[PDB]
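Spelled out, the chains give:
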Amino acid sequence: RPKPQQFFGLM
Amino acid sequence: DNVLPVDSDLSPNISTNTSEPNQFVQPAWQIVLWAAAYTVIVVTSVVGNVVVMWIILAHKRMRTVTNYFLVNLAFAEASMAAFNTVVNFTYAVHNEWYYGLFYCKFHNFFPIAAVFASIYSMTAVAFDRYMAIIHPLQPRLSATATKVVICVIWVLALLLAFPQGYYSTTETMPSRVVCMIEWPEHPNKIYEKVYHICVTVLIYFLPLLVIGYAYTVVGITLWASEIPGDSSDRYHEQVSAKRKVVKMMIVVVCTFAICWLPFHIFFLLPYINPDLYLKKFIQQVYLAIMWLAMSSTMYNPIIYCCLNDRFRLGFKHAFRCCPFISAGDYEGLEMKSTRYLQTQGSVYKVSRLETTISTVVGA
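The listed protein sequences correspond, in order, to chains B and A.
Heads up, the first sequence is in the authors' numbering, so the first residue is 365 and it goes up one at a time.
Heads up, the second sequence is in the authors' numbering, so the first residue is 2 and it goes up one at a time.
Keep in mind that a hint or two might mislead.
[To be verified] Below, in silico cross-link-like pairs of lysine-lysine (DSS-like), each with a Cα-Cα straight-line distance of 27 Å or less:
1. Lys-350/A - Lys-337/A
2. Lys-106/A - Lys-194/A
3. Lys-317/A - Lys-367/B
4. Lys-194/A - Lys-367/B
5. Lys-148/A - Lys-245/A
6. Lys-317/A - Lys-243/A
7. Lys-317/A - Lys-194/A
8. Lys-106/A - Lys-245/A
9. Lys-190/A - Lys-367/B
[Unchecked claim] Computed spacing ranges between beta-carbons, pair by pair:
10. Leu-374/B - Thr-217/A: 46 to 52 Å
11. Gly-166/A - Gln-370/B: 18 to 24 Å
12. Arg-365/B - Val-195/A: 24 to 30 Å
13. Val-33/A - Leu-374/B: 25 to 31 Å
14. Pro-140/A - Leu-374/B: 55 to 61 Å
Hints were generated in silico from the structure; no laboratory data involved.
The beta-carbon is built from N, C-alpha and C at its ideal position, and this holds for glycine as well.
All chains should be built: construct the whole structure from the sequences, respecting the hints.
Structure follows, in structure tokens:
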């Protein structure tokens with residue numbers, strides 16, 4: 365499952 | 002088997018191509034290997050394509066409609082060498098998309114446009130060959146039209162290339178840092194599935210068929226057999242000369258298909274069975290083919306040199322700053338008049354043939 369933290373800053 | 006990347010995230014190891022290196026996907030050295038391939042390619046692609054564009058513009062004699070189309074091809078290759086390869090290189094040594102999603106988009110769009118434009122341009126070339134063979138009547142044709150035609154191909158190319166930018170599909174390639182259309186998921190909001198079938202068939206496949214079809218018609222007419230001198234199965238030197246052009250065009254197409262076809266096939270197969278493995282669905286396979294497609298950019302300058310004496314001799318004229326074109330010259334129309342070049346051999350107002358001016362030249 366992808367980590368949600370990078371969701372905010374995908375870049 | 003799959004995560005957003007081609008590798009499974011059995012371990013938590015998988016990380017976004019945007020965020021981190023993808024070292025888990027393949028060996029680090031493999032990264033440098035792809036980077037190395039790209040660096041060498043940049044040199045060859047740039048030099049060869051520039052030479053083609055430079056030579057024809059430089060040499061007045063090489064002004065054929067076909068030459069116009071070839072510049073277009075050369076230009077498409079140049080963008081690859083300048084624009085796409087550079088980014089693909091940076092990534093490779095970085096091991097991922099440092100640039101981030103926006104750039105993935107920029108990087109996919111330009112490269113996609115380049116591929117579409119090439120196949121489409123090849124079709125125009127095929128049609129023009131067909132036209133030349135059946136109806137030698139020179140007047141039904143215009144240089145101005147050719148430019149218009151070239152622009153048109155770009156327009157259509159944009160029709161596929163641009164819509165992904167419009168809310169449509171998107172994404173990076175297996176190990177990748179090369180970006181392409183979203184074959185992996187059916188990102189619903191995105192409407193990926195529709196776009197995928199549409200693009201491959203309409204842009205790549207249909208044009209391939211037409212080129213193939215036009216090729217068949219040419220089969221009845223001028224064929225491979227061509228005697229070097231005008232005499233023998235050739236009705237006029239010009240007729241005998243043309244057969245040479247057609248053969249090169251054929252080879253250009255063949256090389257194109259070999260380079261691209263594997264990518265397009267893989268394009269579709271994962272569409273049908275995503276999240277699974279083809280023979281093996283992996284980083285390696287997708288990667289190999291897409292990078293291979295890149296190699297195409299280099300091949301055309303080589304084919305020209307081998308394939309046609311006219312370019313070969315004229316190019317050499319360019320390479321040595323002065324004429325110095327020993328080796329037997331074009332021994333035909335290096336230029337119609339004599340040698341051809343910007344200056345040097347290509348004399349102003351090259352000669353005209355017929356009482357009237359047959360070719361639109363010497364105008």
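Hints versus structure:
no., hint, result
1, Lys-350/A - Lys-337/A, "10 Å, holds"
2, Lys-106/A - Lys-194/A, "18 Å, holds"
3, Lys-317/A - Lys-367/B, "58 Å, violated"
4, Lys-194/A - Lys-367/B, "26 Å, holds"
5, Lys-148/A - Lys-245/A, "24 Å, holds"
6, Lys-317/A - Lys-243/A, "22 Å, holds"
7, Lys-317/A - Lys-194/A, "50 Å, violated"
8, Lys-106/A - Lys-245/A, "41 Å, violated"
9, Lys-190/A - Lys-367/B, "21 Å, holds"
10, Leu-374/B - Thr-217/A: 46 to 52 Å, "49 Å, holds"
11, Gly-166/A - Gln-370/B: 18 to 24 Å, "23 Å, holds"
12, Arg-365/B - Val-195/A: 24 to 30 Å, "28 Å, holds"
13, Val-33/A - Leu-374/B: 25 to 31 Å, "27 Å, holds"
14, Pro-140/A - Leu-374/B: 55 to 61 Å, "58 Å, holds"
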